[PDB]
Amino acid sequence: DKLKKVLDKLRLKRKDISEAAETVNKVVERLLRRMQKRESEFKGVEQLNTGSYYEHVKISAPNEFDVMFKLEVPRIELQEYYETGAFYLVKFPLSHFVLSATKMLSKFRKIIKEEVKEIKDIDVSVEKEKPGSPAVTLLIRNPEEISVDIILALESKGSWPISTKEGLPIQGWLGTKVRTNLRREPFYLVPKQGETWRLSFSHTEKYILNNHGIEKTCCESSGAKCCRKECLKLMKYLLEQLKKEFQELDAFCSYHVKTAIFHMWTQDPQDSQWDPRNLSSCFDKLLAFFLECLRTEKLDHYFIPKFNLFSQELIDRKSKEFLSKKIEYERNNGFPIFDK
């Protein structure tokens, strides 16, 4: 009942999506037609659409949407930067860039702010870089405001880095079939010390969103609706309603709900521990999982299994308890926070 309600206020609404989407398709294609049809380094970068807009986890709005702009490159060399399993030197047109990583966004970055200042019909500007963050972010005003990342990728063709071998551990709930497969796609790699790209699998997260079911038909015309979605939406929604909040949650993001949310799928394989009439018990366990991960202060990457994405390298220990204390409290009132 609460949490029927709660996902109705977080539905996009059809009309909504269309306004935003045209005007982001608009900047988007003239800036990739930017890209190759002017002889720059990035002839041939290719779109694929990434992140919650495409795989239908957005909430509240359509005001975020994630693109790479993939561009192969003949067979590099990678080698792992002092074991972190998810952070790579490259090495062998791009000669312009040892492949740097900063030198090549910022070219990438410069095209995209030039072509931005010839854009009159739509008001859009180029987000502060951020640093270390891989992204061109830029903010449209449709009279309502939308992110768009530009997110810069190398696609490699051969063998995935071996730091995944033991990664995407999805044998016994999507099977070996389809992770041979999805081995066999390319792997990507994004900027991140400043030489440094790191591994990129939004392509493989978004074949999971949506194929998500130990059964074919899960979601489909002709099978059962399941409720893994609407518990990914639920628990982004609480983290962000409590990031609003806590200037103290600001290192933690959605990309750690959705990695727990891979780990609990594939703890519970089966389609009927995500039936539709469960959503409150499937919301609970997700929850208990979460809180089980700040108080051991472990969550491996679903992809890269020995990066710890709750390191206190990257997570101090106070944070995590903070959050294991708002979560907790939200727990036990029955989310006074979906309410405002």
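Positions refer to the first chain, counted from 1. What we label the rigid core is the largest C-alpha set whose atoms superpose within 1.5 Å from one form to the other. First, how it differs from the form deposited without the DNA.
- Of the residues listed here (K325, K318, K9, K13), only one shifts its CA by 2 angstroms or more between the two forms after fitting on the rigid core, and it is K13.
- Relative to the superposed core, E248 shifts its CA atom by less than 2 Å between the two forms.
- Annotation for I112: C-alpha shift of 2 angstroms or more between the two forms, rigid core superposed.
- Core-superposed comparison between the two forms: the C-alpha position of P134 differs by no less than 2 Å.
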Contents of the next structure:
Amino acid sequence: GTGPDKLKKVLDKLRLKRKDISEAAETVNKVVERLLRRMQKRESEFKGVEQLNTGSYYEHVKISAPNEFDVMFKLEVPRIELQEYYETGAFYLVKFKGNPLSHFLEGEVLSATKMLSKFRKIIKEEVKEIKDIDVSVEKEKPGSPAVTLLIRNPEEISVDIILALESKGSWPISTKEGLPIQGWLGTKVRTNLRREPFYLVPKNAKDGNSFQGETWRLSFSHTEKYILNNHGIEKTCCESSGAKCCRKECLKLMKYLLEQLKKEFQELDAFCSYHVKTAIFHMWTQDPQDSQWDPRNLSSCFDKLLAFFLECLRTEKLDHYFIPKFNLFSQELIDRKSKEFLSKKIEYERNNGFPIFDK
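Next block, the form deposited without the DNA, ref. the form deposited with the DNA bound:
Left out here are the partners and the other molecules; the chain alone remains.
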């Protein structure tokens, strides 16, 4: 019943939530594999699609909602020329240096709207041919670029399929000072990770417009997965012949704290798990030693993450780990009132034994 024991019990509660999630993931994977086989057999601009096995499930940090999954389909696109749409690196237009994607251009700019419309049309046709699993495509929602499958097993699982372009070019200059892992995972790892492809995911800016509709955000979901699964200064961190740390446990707890708060308070709508992930990436940089994340320090490590997060809220600053000029907590993206509200709620939990965990 002490504070430390209670936090360990929350981790036990999250451990129990995993079984339903793992079972659901196996059903999701069967459907997704079936669909990818169909899309790989059919002749189209999307024939080369593959699953990118990233996101919270494959990082082992999906803590809730066994009825909701996101999956990314990557498509290699040669000779992408990027234009920064926001010079922070928050958004890009895609242009090209014939061209396999020529049907989806609006002038020299790749239309996410056109490309996604065709993606959706094909998915819808091919899903109707999957006869031995109960699966349909959800009606398109304006402003939602994912193509959502509805699987009945017999319970309903929603799967959001996100198209990601893959570029094998050098990472965008907005990322030059990003991935600050040099004192933690080191310079050789950083070099190696930056030699890997990067991804572009459709996302509407919702700004002045014109090319509202045709903007893309950068995605490093592969790099993030690698970091989560290779997160120690020692190569053996959390392996069978190494020592456990509490890095992922702290991420899980903080994600759960935010999830529980968000369920109760619609004033926290603008926050999301990626804020917590980004914060913990910075914490792992700040405190690189595995000994700083000893399992015995679960409570103190959790508390330092909350303190760091509260300082990000106070300063309205949380830099994208890969794109340092992109401030996820800018005044423009999140109102001061929302940040002050979340600060208050976090301090309350922290000072009163985290009652919200129990809801």
